[PDB]
Every structure is written in C-alpha cells, then in structure tokens.
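Shown here is one chain on its own, the form deposited without ligand 3NY, set out as structure tokens.
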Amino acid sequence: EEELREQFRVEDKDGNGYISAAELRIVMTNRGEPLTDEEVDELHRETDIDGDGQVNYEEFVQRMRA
C-alpha cells in the first residue's frame, strides 16, 4: 500500500494528486526512455480510466498491479 503511495508521490512532481503526460514522460525517461513522447501520450491515455486527462492514484494502482 504505502509502497505505491510513495511511488505515486515520486511521479507527481507538482504535488497536485495527478500524474500528467509530462510527469509520465519524466518517469519513462528515468527508466531507460523506452518510448517516444507520442507513445507516452498513448500510455497515459490507456492508464486514464475515467478519461479526465489525468492519472490519479487509483488509476496508478490499477496499472501497477497489472
């Protein structure tokens, strides 16, 4: 539980409770940069279950457990 909470806080740079596309790019750049910016956009869309353009904590956890 706190494991994912801590990791989410690391990815959420401005502390607004959401991971943005740019925040997800930073995450991917720091783990080998396997994707292009366009592809990170697609990753962000698939993770954004409720479609508000943001990845919240519940959406992060569903991804992390898959």
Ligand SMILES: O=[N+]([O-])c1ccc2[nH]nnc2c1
Given for the second form:
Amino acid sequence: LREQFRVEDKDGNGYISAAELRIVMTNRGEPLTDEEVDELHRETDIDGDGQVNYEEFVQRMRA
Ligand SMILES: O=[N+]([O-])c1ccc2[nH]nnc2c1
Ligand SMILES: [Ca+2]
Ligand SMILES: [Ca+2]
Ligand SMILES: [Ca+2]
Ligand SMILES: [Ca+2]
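Would you generate the structure of this protein in the form deposited with ligand 3NY bound, following the form deposited without ligand 3NY above?
Then the entire complex follows, led off by the chain already shown.
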C-alpha cells in the first residue's frame, strides 16, 4: 500500500492527482479511457478536494 501510493504519487506531494492516475493507468495498459480514469479518481476522492490522499487510496484498494 505505502509503496504503491509512492509509485503513483509521481511528484511525491502526498497526493495522487487525476493527471498522475491517468499516467499510472496508461503505464499499466488498463482498458480505460482518460475520462473513465477521471471518474475512477473522482469516486476515490472521498472528501472531493481533487486529490486522492493515502486514506482514500487504502479505502480504494479495499474494494
Ligand atoms: O486513485 N485512484 O482512484 C485509484 C483507483 C484504482 C487504482 N488501482 N490502482 N491504483 C489505483 C488508484
Ligand atoms: Ca502527487
Ligand atoms: Ca468524490
Ligand atoms: Ca480528508
Ligand atoms: Ca481527497
């Protein structure tokens, strides 16, 4: 979890941004358009501030 968050947190600012997540999904070859990743990010973003923080990320991985 910790290690995975750091991978996706490209700029190391303690958040996964939507753009960072789009880079992650593109690097993994996930069958999702950019728009669908934006929706995935938005759903993961519990507090709605535009960033996926570590707590929201762990709650994601619990799915
Ligand atoms: O932040 N995310 O919305 C999110 C969602 C699914 C993921 N799978 N692997 N990393 C992920 C990140
Ligand atoms: Ca970041
Ligand atoms: Ca949200
Ligand atoms: Ca919060
Ligand atoms: Ca958030």
